[PDB]
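First comes one chain, alone, set out as structure tokens in the form deposited without the named molecule.
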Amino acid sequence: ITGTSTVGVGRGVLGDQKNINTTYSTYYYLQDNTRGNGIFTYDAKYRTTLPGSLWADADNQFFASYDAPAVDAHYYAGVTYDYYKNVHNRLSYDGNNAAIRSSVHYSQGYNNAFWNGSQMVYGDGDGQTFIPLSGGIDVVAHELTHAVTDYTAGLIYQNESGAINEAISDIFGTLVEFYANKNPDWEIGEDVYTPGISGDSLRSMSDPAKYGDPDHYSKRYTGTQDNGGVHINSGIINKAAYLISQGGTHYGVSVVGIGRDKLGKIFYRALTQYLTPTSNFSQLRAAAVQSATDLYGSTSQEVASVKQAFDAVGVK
């Protein structure tokens, strides 16, 4: 890890050419010394033991298919770091510039990715349902945002708190996708999901019910699956967030869109200054309204739009 900072070149999961920050001692390692205490990408070698080996390359050129997921994990972790620093003035996930670690090639045909409490972990997918998940930018940002949440609001992963947690992750994932301006959309996971099927995705913020998730509180999942539906009920918060930014009419309730940036500022403020581990949807509403009030003033259009948006999804 002690070495000379330099720049390598490679190809990502989708075949796009990419420059990446690397470190050289006797080998070129994926270690980025330009951001905080650094970004480290590891090879899990198809096994489940973590983190694995710090990625080492001989020529500082990663064009091998085996290389592709490491390139994107390393790179997109950088973009996400840049996002929080430049937009939100936050240094890494803990605010202290903690090192960011990612392991790729996790297990075999593993169709998920996650934050394990320490590092990010990415599967390669089975090549049918998924391709390597580090290929999506919103996925990377989604997982990385879990750390941010873990270090600030500490939303428990279960029931409504959990749903909020997931929603935050999707929201900021999407915002990062827009920030990097790489084929941005309000869909989640569209780049790495189901190769061979065009136009679909894992979740939709604009229209969750497309994939069977609730767009309204009365439609919320009350069962015990998925930790009480953290990946399901998130649709309700996701829809509200979409409406705040883009505006629209939902179940007869109209919302004036205030844009992405203000959405981001409002929700980041709610996340950092207000939400607690046990916060529910109502409390989230309160937090967001208070945040918007803090930033733009109580009589502002912004507050009004937050209100309208949460009214639309039936969260009072």
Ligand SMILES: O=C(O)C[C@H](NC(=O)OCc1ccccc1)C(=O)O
Given for the second form:
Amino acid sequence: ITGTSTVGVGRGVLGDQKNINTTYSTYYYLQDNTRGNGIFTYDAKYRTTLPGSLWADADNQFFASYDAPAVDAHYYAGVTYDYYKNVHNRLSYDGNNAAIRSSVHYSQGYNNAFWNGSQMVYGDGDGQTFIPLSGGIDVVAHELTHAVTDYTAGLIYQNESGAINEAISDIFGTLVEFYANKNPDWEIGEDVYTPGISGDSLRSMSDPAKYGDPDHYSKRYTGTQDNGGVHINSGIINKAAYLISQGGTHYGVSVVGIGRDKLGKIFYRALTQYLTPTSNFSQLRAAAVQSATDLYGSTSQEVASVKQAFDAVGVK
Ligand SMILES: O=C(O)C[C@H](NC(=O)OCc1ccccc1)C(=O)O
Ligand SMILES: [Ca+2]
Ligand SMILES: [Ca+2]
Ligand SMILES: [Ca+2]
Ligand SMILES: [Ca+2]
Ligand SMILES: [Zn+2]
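Okay, that's the form deposited without the named molecule, but what's the structure of the form deposited with the named molecule bound?
The complete assembly is shown below, putting the previous chain first.
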């Protein structure tokens, strides 16, 4: 809608207070005009029809518990936009400042979030497995990164290309979490997963096997569930990314870490320059080596570390 840009205040899913960019025109709308062509947050009203209605609020204060998932979806989309712009010189997910849209309160007891090809969508969770999924910045950034992947490499959501697609979302999900400095870690979904149980998460990048995912190519899933294991075999790539950044010794192979910033640079380049819709793990290795070579030279420590990490997880 057309109106006056302003700033409102609200409380997120975890009870934290934050300022959000809104737009005033009779009502205050969750429409952020300060970033690209805008960030728009919608109320799906417990239904499955999308996007629902542009979130309207009478007083520019968002402290109702019904408001919380909208606050976080709106706010964390903004942070994710800032990350891609400031760190990678990318304007929104298409590189041309496309409007970013999210719907919250999708369906009832819905334990999931997704990019549907056009927008992000967040369930409220069932209150047991999940609380509202937009409450996690690594969740929001994971989703938005699916959009980035779709407009760049276009990795098919199936088998090894799908696992790479998933890992890219987990990796940048995590990098965005570190960027915002919000209790950052190498775990996925910890803020919104199992509110009854402390210290756990949905997946782990530092140790994927902790939650049943492979941390070595020899342990990959070869069946047909989960589109050929796209949320399972991603563990292999996630572990490699963890090693490149943090370093460590894994199945007897030692890796010197080069840190988060370079990890991000190398994988962003691979994603945008070298990966294709049907890239497999071995092609990912080649893309990452080539990207590090482009950026730091073929005899750099960076190239060496990328090679050791993929050796460590058994990807040749
Ligand atoms: O597979 C899909 O299309 C949707 C799937 N969604 C999903 O797993 O929702 C929960 C969640 C997402 C990110 C981080 C932690 C938890 C995905 O985006 O991979
Ligand atoms: Ca209000
Ligand atoms: Ca965290
Ligand atoms: Ca996390
Ligand atoms: Ca938990
Ligand atoms: Zn995903």
